[PDB]
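Using the sequences and the hints given, assemble the complete structure.
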Amino acid sequence: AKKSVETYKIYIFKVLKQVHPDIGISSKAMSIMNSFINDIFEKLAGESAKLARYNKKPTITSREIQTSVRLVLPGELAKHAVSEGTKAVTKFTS
Amino acid sequence: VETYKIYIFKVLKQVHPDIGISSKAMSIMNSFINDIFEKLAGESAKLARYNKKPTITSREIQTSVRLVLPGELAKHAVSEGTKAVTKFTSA
Amino acid sequence: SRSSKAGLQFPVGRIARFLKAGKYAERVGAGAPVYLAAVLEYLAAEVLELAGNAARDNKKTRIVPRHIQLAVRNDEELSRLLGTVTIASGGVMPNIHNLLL
Amino acid sequence: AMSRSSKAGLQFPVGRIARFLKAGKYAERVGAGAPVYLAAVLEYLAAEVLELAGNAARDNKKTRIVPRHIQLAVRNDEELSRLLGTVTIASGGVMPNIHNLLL
Amino acid sequence: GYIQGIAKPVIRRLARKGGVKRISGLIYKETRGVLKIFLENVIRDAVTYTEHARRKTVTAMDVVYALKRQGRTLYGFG
Amino acid sequence: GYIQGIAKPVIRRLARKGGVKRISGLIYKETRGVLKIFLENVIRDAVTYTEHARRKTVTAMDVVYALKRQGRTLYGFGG
Amino acid sequence: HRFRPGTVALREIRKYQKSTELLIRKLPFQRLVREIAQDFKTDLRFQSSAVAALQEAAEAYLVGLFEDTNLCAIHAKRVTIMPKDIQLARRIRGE
Amino acid sequence: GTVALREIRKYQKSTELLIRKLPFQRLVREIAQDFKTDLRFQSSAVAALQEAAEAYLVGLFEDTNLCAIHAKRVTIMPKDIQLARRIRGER
DNA sequence: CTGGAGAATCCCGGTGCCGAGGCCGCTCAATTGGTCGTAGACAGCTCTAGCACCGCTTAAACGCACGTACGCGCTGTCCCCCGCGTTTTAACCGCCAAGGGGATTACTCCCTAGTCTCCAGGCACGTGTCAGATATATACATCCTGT
DNA sequence: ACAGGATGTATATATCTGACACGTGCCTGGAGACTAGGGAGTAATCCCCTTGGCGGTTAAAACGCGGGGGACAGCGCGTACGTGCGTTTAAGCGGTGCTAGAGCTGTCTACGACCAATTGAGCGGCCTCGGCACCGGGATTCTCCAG
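Residue numbers (the entry's author numbering), protein chains in the order written: chain C, 59 to 152; chain D, 63 to 153; chain B, 18 to 118; chain A, 16 to 118; chain H, 25 to 102; chain G, 25 to 103; chain E, 40 to 134; chain F, 45 to 135.
Don't read these hints as lab results, they were simulated from the structure. Using N, Cα and C, we set each Cβ at its ideal position, and we do this for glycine too. Careful: at least some of the hints might be erroneous.
Claimed, not checked - Among chain E residues calculated to face chain A with C-beta under 8 Å, some are:
no.	residue
1	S58
2	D78
3	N109
Stated by the list, open to error - Non-contacting residues of chain F with respect to chain B, defined by C-beta distances greater than 10 Å in every case (computed):
no.	residue
4	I63
5	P67
6	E95
7	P122
8	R130
See below:
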């Protein structure tokens with residue numbers, strides 16, 4: 059057996075089949091999308107950590123993630139991402 | 063509010079005995095020290111994270127210095143760090 | 018599962034574990050991983066939808082790095098987000114200056 | 016009770032730097048050698064910048080370091096300029112640079 | 025708008041500080057446009073930082089952090 | 025050194041990729057100089073990363089991190 | 040009358056490269072900053088140090104932009120900078 | 045000057061690498077020989093280096109072409125590359 | 001400018017490859033249920049510092065005259081790179097073989113987290129003044145116009 | 001190219017001045033000693049993959065010979081931008097006045113770290129076959145040049 063590297067390939071494939079019913083995706087494109095997701099996640103987590111450090115709060119809540127999303131993603135992407143996150147949290151807490 | 067003003071003043075009196083430093087220059091030096099320390103600490107955190115080790119030793123700081131400071135600054139800083147750690151361990 | 022509750026397709030639990038293990042903060046809220054997963058899902062859906070449109074414009078049914086490069090560069094806000102990013106084996110945008118012709 | 020700064024021979028706060036490393040959560044554990052090394056590096060950089068600024072001040076026959084002198088010290092030395100290429104210094108002005116063809 | 029308050033001689037002095045020797049008549053509009061874009065970006069980031077901290081007073085540290093985001097670090101303001 | 029091994033038609037094809045209609049005869053030297061400088065920077069960072077881990081084999085992750093340092097993030101090679 | 044070939048331009052270049060104080064008028068710049076911040080969040084109050092920091096950043100950015108524009112304009116064998124010079128300097132920088 | 049435009053279209057339409065693999069590998073190994081002797085490169089590492097170098101060179105040539113067109117010329121020249129590097133802040 | 005005409009281009013159809021998509025173990029991580037400690041939500045207080053107005057000075061913006069320098073178009077010339085045919089070089093594919101080094105496992109143990117004690121270095125705050133600016137009083141280097 | 005004059009630029013003095021160096025008080029985090037527990041270090045072992053080699057093609061770089069277009073220097077004219085100079089006009093200074101929210105403290109609860117038990121979601125491997133890279137072959141479009 060060999061040690062495994064945890065990646066988002068399954069979830070990216072699920073999303074692709076959700077938006078485009080028939081279009082597949084090659085290995086290189088999947089790797090590019092996985093690296094893109096990892097980089098965006100790292101940027102958002104880093105900005106949330108800096109925002110928590112600046113105000114001395116040790117906790118990362120949905121509010122820090124929302125502020126980090128507004129900081130990093132520009133314009134309409136930020137607005138849509140904030141709306142999606144708010145909808146997800148609202149559905150989750152119920 | 064904790065800043066490096068006293069230590070910066072001590073270093074300045076160590077290098078240039080007869081020259082003082084104004085408040086604006088002291089604030090600039092304090093911000094520069096904070097920024098360099100933040101850069102080095104962040105690079106050492108990334109180095110520890112990539113190799114999965116949870117400990118920051120002198121080796122991580124040395125590699126971070128070599129990655130951040132350029133050229134002769136990196137070489138002299140590495141020499142100074144090794145000298146200080148060597149003196150500290152034996153005393 | 019939390020992903021089933023929030024309706025997301027992304028691994029909320031895995032993102033929470035990444036936030037905890039990465040030592041980004043000493044504590045993590047219960048709502049933060051859900052929000053982060055929703056944002057990641059939205060971004061991935063946007064880029065994959067654009068890439069799929071580009072692929073269908075090229076009479077193909079398999080996304081390739083060229084299609085993702087075209088989708089990223091043609092879209093404005095994504096290009097602004099990925100300005101410095103280099104996509105391996107992605108080629109360049111077709112661009113010939115007016116004076117050259 | 017000799018402080019760790021005295022043991023290392025430095026002048027910078029080794030203990031304070033260790034506290035900053037631990038509190039910032041840069042890593043789960045911080046070695047005992049890291050704060051001394053970091054204090055030495057910071058002290059060397061501060062000494063270099065202050066020495067260059069003091070030389071600039073003595074060039075202008077001023078005995079007090081001001082932001083203009085720090086700006087001159089940073090932008091003259093090549094390596095420090097490379098390290099601080101994008102850094103803006105308040106009230107520091109700019110370097111004198113007039114192109115040949117404009118004369 | 026209030027952007028017109030930036031008079032011509034101010035831009036002339038700024039350019040002379042940058043080494044320029046002659047300035048065309050159409051530069052002035054473009055300089056105001058670029059200045060407005062830069063200020064808009066920095067102030068938007070500062071306002072996001074402030075709204076995060078539940079304050080209505082944009083402080084110097086918020087502007088310093090907003091500049092540090094753009095890779096244009098400012099020294100001498102904490 | 026071996027930097028001269030980069031053939032001139034390769035530089036011509038690279039320039040044509042960027043949308044250039046004519047190339048002066050002296051471009052083929054400045055391009056080699058700039059390429060060598062960039063490679064030297066990236067390889068220096070990658071070699072430092074590798075020496076930190078004690079390995080003697082420079083992996084793809086080291087080069088990707090080195091590029092990410094210079095603000096030239098690379099997708100499609102992991103990380 | 041007197042010397043008018045452009046000598047005063049060089050004299051101003053020397054004088055303003057030697058100086059360090061702020062150049063942009065403080066009150067109009069404060070009005071501009073408040074107007075820009077009006078859109079993003081209504082009824083904002085600025086600390087004076089924040090306005091000063093914004094002014095310093097704007098001055099540094101404009102000085103850098105004009106240095107690059109001067110390089111571009113001299114590159115084209117001209118002396119007088121033109122809007123296309125600024126547009127090129129911004130396009131190359133990749134802001 | 046038509047074949048130039050034909051090549052521009054053909055090469056902007058393509059995705060594969062243009063730098064010869066073996067000479068570039070020799071160059072990379074020779075450069076790394078100075079920093080650390082007796083190194084062994086993974087094939088994927090050399091591929092990543094080659095892709096980064098190609099992307100950087102293509103970007104530099106795009107900016108150089110912009111500078112050359114700005115001066116009402118078509119033949120890019122070394123001064124164009126030097127200016128494009130100076131403005132970018134890389135030099 | 002206007003039609004051959006040749007080279008590059010795309011459209012269509014057949015071939016064969018091999019990488020994408022699915023299914024089978026099974027493992028370790030996601031989840032549930034408590035338990036406990038505390039960071040944070042919320043209310044309340046104090047007063048620092050930001051906003052607004054008013055009157056006076058005058059530094060600096062603004063409008064205008066003007067003339068000179070510099071931008072831009074046009075011309076002529078030569079040189080240097082593009083196109084292309086040919087020869088020579090070595091990149092590259094395909095296979096083989098070695099062994100150096102990366103990836104785990106196991107044990108030991110040395111070092112660092114956590115805790116209690118103690119107190120002195122570090123920060124806030126009164127204090128004096130000496131290194132900073134400032135305007136008048138000459139001395140000196142530099143550009144303009146004419147010779 | 002030289003010289004006289006007008007003009008910025010610099011040197012030297014008293015004259016004031018508040019930012020900085022200095023001294024005093026209080027406190028919390030740094031240093032030390034103790035404990036334990038697990039990450040680091042070292043050694044061993046396996047085998048995976050990277051370097052080196054060989055050999056034959058054969059893609060393709062190197063070289064070279066036209067020649068054409070375009071880089072560049074030169075020429076001129078046109079106009080607009082820099083430099084005064086008189087005339088506003090708000091910036092800047094201070095002083096007052098009000099109060100919004102910065103900043104802090106104090107409770108007390110809802111929320112997250114943390115322990116274990118449980119089990120299935122995801123990951124590796126192992127497959128199969130259809131989308132696509134490729135290759136002719138023919139129809140279509142573009143560049144070029146004699147007419």
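Hint check results:
Taking 8 Å as the C-beta cut-off, the interface hint given for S58(E) holds, the closest approach to chain A being about 7 Å. Violation of the interface hint for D78(E) is found here, the shortest Cβ-Cβ separation to chain A being roughly 26 Å, above the 8 Å cut-off. The interface hint given for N109(E) is met, as the beta carbon of that residue sits about 7 Å from the closest beta carbon of chain A, less than 8 Å. Against chain B, the non-interface label of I63(F) holds: every CB pair exceeds 10 Å, the least being about 13 Å.
Every CB of chain B is more than 10 Å from the CB of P67(F) (nearest about 20 Å), matching its label as outside the interface. At the 10 Å boundary, the C-beta of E95(F) falls inside the reach of chain B, the nearest C-beta of that chain being 5 Å off. In this structure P122(F) is separated from chain B by more than 10 Å, as the shortest Cβ-Cβ distance comes to about 20 Å. Distance check for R130(F) against chain B: the nearest CB is about 19 Å away, which clears 10 Å, and the non-interface claim stands.
Violated hints, in rising order: 2 and 6; the structure is consistent with all others.
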